[PDB]
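Asker: Listed below, chain by chain, are the residues.
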Amino acid sequence: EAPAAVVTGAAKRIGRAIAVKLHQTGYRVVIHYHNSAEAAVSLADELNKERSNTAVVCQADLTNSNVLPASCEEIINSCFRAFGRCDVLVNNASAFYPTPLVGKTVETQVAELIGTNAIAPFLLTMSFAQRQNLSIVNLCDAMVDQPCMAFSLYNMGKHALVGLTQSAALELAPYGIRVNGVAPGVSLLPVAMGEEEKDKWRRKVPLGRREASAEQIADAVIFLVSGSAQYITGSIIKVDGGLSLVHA
Amino acid sequence: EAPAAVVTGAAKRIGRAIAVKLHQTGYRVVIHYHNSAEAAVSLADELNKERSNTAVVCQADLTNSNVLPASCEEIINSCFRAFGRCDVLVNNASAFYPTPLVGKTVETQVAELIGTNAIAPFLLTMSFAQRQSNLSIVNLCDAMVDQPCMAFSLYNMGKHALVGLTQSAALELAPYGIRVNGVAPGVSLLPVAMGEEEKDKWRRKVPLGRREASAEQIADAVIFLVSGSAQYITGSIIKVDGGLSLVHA
Amino acid sequence: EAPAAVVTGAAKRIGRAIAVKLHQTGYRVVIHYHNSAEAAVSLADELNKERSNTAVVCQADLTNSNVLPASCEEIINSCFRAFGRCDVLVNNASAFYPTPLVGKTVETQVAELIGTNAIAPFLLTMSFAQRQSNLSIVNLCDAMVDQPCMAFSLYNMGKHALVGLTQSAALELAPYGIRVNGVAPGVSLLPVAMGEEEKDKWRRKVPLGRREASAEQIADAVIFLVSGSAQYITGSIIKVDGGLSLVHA
Amino acid sequence: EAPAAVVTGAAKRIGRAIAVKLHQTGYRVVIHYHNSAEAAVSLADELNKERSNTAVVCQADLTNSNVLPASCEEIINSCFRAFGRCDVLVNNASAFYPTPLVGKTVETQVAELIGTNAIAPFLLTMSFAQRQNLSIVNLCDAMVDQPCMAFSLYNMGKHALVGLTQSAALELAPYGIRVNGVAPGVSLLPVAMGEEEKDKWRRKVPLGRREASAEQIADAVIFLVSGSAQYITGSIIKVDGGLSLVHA
Ligand SMILES: NC(=O)c1ccc[n+]([C@@H]2O[C@H](COP(=O)([O-])OP(=O)(O)OC[C@H]3O[C@@H](n4cnc5c(N)ncnc54)[C@H](OP(=O)(O)O)[C@@H]3O)[C@@H](O)[C@H]2O)c1
Ligand SMILES: NC(=O)c1ccc[n+]([C@@H]2O[C@H](COP(=O)([O-])OP(=O)(O)OC[C@H]3O[C@@H](n4cnc5c(N)ncnc54)[C@H](OP(=O)(O)O)[C@@H]3O)[C@@H](O)[C@H]2O)c1
Ligand SMILES: NC(=O)c1ccc[n+]([C@@H]2O[C@H](COP(=O)([O-])OP(=O)(O)OC[C@H]3O[C@@H](n4cnc5c(N)ncnc54)[C@H](OP(=O)(O)O)[C@@H]3O)[C@@H](O)[C@H]2O)c1
Ligand SMILES: NC(=O)c1ccc[n+]([C@@H]2O[C@H](COP(=O)([O-])OP(=O)(O)OC[C@H]3O[C@@H](n4cnc5c(N)ncnc54)[C@H](OP(=O)(O)O)[C@@H]3O)[C@@H](O)[C@H]2O)c1
Ligand SMILES: Nc1nc(=O)c2nc(CNc3ccc(C(=O)N[C@@H](CCC(=O)O)C(=O)O)cc3)cnc2[nH]1
Ligand SMILES: Nc1nc(=O)c2nc(CNc3ccc(C(=O)N[C@@H](CCC(=O)O)C(=O)O)cc3)cnc2[nH]1
Ligand SMILES: Nc1nc(=O)c2nc(CNc3ccc(C(=O)N[C@@H](CCC(=O)O)C(=O)O)cc3)cnc2[nH]1
Ligand SMILES: Nc1nc(=O)c2nc(CNc3ccc(C(=O)N[C@@H](CCC(=O)O)C(=O)O)cc3)cnc2[nH]1
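Protein chains in written order, with the authors' numbering: chain C, 2 to 103, 113 to 142, 153 to 268; chain A, 2 to 103, 113 to 142, 152 to 268; chain D, 2 to 103, 113 to 142, 152 to 268; chain B, 2 to 103, 113 to 142, 153 to 268.
Read the hints as simulated data drawn from the structure, not as lab findings.
Beta carbons: idealized from backbone N, C-alpha and C, even for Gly.
The hints are all genuine.
Computed cross-link-like contacts, BS3-like style, restricted to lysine-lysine with a CA-CA straight-line distance of at most 30 angstroms:
hint : chain 1 : residue 1 : chain 2 : residue 2
1    : C       : 224       : B       : 218
2    : D       : 22        : C       : 22
3    : D       : 220       : A       : 224
4    : A       : 220       : A       : 114
Computed footprint of chain A on chain C; a stretch qualifies when at least three of its residues, placed anywhere within it, have a C-beta under 8 angstroms from a C-beta of chain A:
hint : region
5    : 65-72
6    : 114-121
7    : 132-142
8    : 164-171
9    : 186-192
Build out the structure end to end from the sequences listed, making use of the hints.
Answerer: Set out below in structure tokens:
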């Protein structure tokens, strides 16, 4: 039987590329999405056309609330319903926007940013573990220690994610569950961001003066879930072209 | 006029020692507390007996909820009402218990642990900043963030989040002359509930003296960070751990 | 044409497994050795028997001295003479013994330990770069660099220096398309000398499987780093440690 | 009787400020120097004029060689001869220049840079320890993980220094010897550096858009050698105005 993976926020960009590449390796995948139903289903179609009954979608808001544990339990449950197993969890979905210290309410901002980048991954990890080459891969940030100005809540989520990656690695190791991280520097830049500001980030990158493709990020995930990484756990691999190494 | 400091969870242990020592340096202090009303008021009395009208208590639950921003705003507002200013904020209050991955609900656990160690400090930072000398924030971190004790995922996440905030706030508030730093105890005063044999096992682990830090030794670093001897220091986290974090398994 | 790799200290253990696995991927390899001529030549035979003219040995002492630059230049030159190119450098060779602060001279201890773990890698990096497709350097680091063994100061300094080189070379050589990365074993193949009970004490420490990494598992990460699956990776150090570095004292 | 400190490279800049401030706290000091004899003795006079027989100079090259252990032993020995004790060692002296990967020989470059920033501190630590509120303070670099371009050998020394700080801390703690570090971002800039380059670095600094004075660096050293840091060991305090936190 083929192994099965959950990728959260898998409709677009890096999430999609992870899901595709996992599928190409031989995984059956649950494409999680929140608002991008059209794109999520489109990908399920494309993947099922390649091999039948190997892709399903699952809708859930990963914002922190009273229903979030239940929601995360249901994401893991859908992988078991569809595929009879869950071998891999990739924590990709992430809310990302400025929260300056000085029209959402701040408690919504907290809920979305800490919820998506930290709490959901935590609850998903709990369920993944409860329900059992098993491994979890969290998408981190090579820039966590050199954050962007006014992104404190996001940066807190990403720092919390580092903490979870290490803590889960440690606690789940007796279960043969490896927990690791992939940390993009600048990859696909926000679709909204103007081309000029995209270029300013690109010039910063030592290796090639460009962003990572989503496939290059996916490559590291693929390595981390493979048998070439059986001893690797609690490791966060920067895939950043040397960006985090550049001084101000 | 004397400067003024907010210390969260200041009724006992490390919080109390920070509040006392700040007071001894010449700060007027707001003793924040949650359940320890008796001990918080006791400390206010002791400090006011030393110098009149220099200590006040403030009650607030720092659990995450939609009203926590309002609560945190009111803590900072309490310092301005009492003392007419707020020069220092020490983020000390912290929920601490295991949350294994494998009778509180998890939603409560998340709220208490992430709320106390990260979200409250974030909101308190927001208010401190907006309400504005030598201004500085000091967050109590964990020298063991990267070698967490088993099954303390939620706590460890808060503390990691605290590291992120310490650095992010440092960076954002530096144009306001507000320094943001951290003090990172290894093992200090161990939980009152913890058995003595368990306490000893941690003590033996410590390279420098095979003992825990006194609350005073933790406070000392805070005092340094708020002083003029640290005017250029920001986004720094000082381990006060006796070398614990350096010891391999 | 097949690409070519230099692996230093490749006669035994982790170095041999790296060299073997690079060869199995399709690299022609220079087996560097110091003392282990018999084993180095044995591996060259084994590899050449598999594919003819794809393995050569290269003898050099990597101890620091005024002739080490020349020696390191000659190792890189040996790969160009044999194979007409040099696509990959793996910095594996490493002296490893205690140097307590409190019968070699300390001069020799410095030279061996800092020489092998830092200065040779630096000089080899220099020559690799100067003599110039998917070009990359891989340095064997230490997942325990921040929780060192007792009395291993000189070794630990070399390994910390190696971290510095990994990052600095990454940064400087990136305009040349040369990626510099690291693989950091926790406990892998333990010293042949070490008693079995001491070996077991380390093994029990490991969260993932309570065992050491095989040399093959270390090699696997090197293979990943040199591959096209890591084209955007540089200045990254991948722990291959079974969670060891995460375990508190 | 008053405690005694060795400060290496104490004739100018940060070294001088450390030595002065230690003296002001009540230490007798050994001003080590290499080329700056005039400035070193000038400071000895200034300090002895303040309190008699409290300052001595000490000439030594800290370049790596087969005589360096002997030289380092003699620096520590001079403090014992002068003052009958040695309570504090401050590892400040440091060679600093580019060593690009692509007219000194490279073996000299290695010897100066690794010798000054790492090996001398190592040997001085050895002697300090063997000869016995005792503590060692090493001058590190807040930018060690975001190095300047082409400063590989320097950066290696500084990283080696981090290793030594932590390893000595751990090994010397049973002797009551605390080992810690002070990590300047941008402090006093090289005298040679032009003013506009100096400004480019200054603008990078979040806290005040200026470099640290030598005194601000010295303040942290003073804290680390004091009774207010009795439990602190293997800690490296950044004194960098937030510089290391700024992304490219
Ligand atoms: N791109 C980069 O340069 C970069 C750099 C560093 C780290 N990373 C990390 O890599 C991961 C992927 O990056 P990316 O740029 O592809 O991210 P992204 O497009 O910004 O977000 C990925 C997906 O997350 C989902 N999401 C957002 N808010 C959600 C919520 N409240 N509940 C449930 N799902 C939600 C969205 O799903 P729907 O569209 O279906 O609504 C979105 O498509 C993220 O974790 C990111 O932080 C990226
Ligand atoms: N002690 C150590 O070995 C150690 C080690 C590393 C880091 N630290 C950090 O240093 C700080 C102080 O340590 P400690 O041992 O003194 O802490 P603690 O006694 O466990 O907690 C300090 C105070 O936090 C307050 N608190 C707890 N939950 C709260 C909530 N939901 N809302 C508002 N306040 C709440 C409590 O106030 P009330 O009593 O009034 O209810 C408590 O007295 C903490 O941040 C801790 O994480 C300590
Ligand atoms: N094994 C582990 O648990 C572990 C853990 C962390 C990091 N690492 C790192 O991974 C790498 C390989 O580990 P290992 O255990 O396989 O290493 P090792 O056997 O101790 O050393 C590898 C080789 O280095 C060569 N070497 C030693 N001194 C030399 C000198 N002065 N000049 C030239 N070559 C010299 C030796 O070659 P000859 O035999 O031919 O003389 C030796 O075979 C090392 O860099 C090590 O520090 C290993
Ligand atoms: N300045 C900064 O922005 C900055 C930033 C980060 C870290 N740091 C660290 O802080 C410390 C002091 O900084 P600094 O700018 O004051 O240093 P510096 O002026 O560049 O060097 C200090 C002294 O080191 C001595 N020295 C150099 N090479 C030597 C050798 N081969 N043998 C013996 N002594 C030698 C020199 O003594 P003589 O003049 O007598 O010959 C020099 O005066 C250094 O460790 C430095 O790396 C400084
Ligand atoms: N979830 C997620 N999505 C991302 O697109 C992302 N990007 C990065 C690296 N990218 C960025 C992207 C934008 C800015 C930034 O300044 N963003 C402003 C856009 C300003 C503009 O568009 O002019 C923002 O509003 O988000 C910083 C880092 C890191 N983590 C991410 N995480
Ligand atoms: N807020 C806070 N309070 C602390 O007491 C504290 N202590 C440490 C270091 N202390 C500890 C204390 C207990 C355990 C632990 O195993 N605690 C179990 C107690 C087990 C027992 O008492 O037998 C627990 O239930 O908390 C780990 C680290 C770190 N951060 C802290 N943070
Ligand atoms: N080059 C290298 N070789 C290694 O074997 C090695 N091993 C580790 C992890 N291994 C170790 C091995 C031994 C000791 C240790 O206590 N060694 C004593 C042996 C004591 C005994 O054998 O009883 C020694 O003398 O080396 C610590 C960590 C890390 N880096 C390495 N680096
Ligand atoms: N020992 C030491 N001395 C320093 O002056 C020093 N300065 C810094 C921060 N300062 C610097 C200073 C210069 C350059 C730099 O680009 N230096 C060139 C000067 C170029 C010019 O002057 O135009 C050099 O040649 O050193 C980088 C960081 C960090 N560590 C130090 N360490």
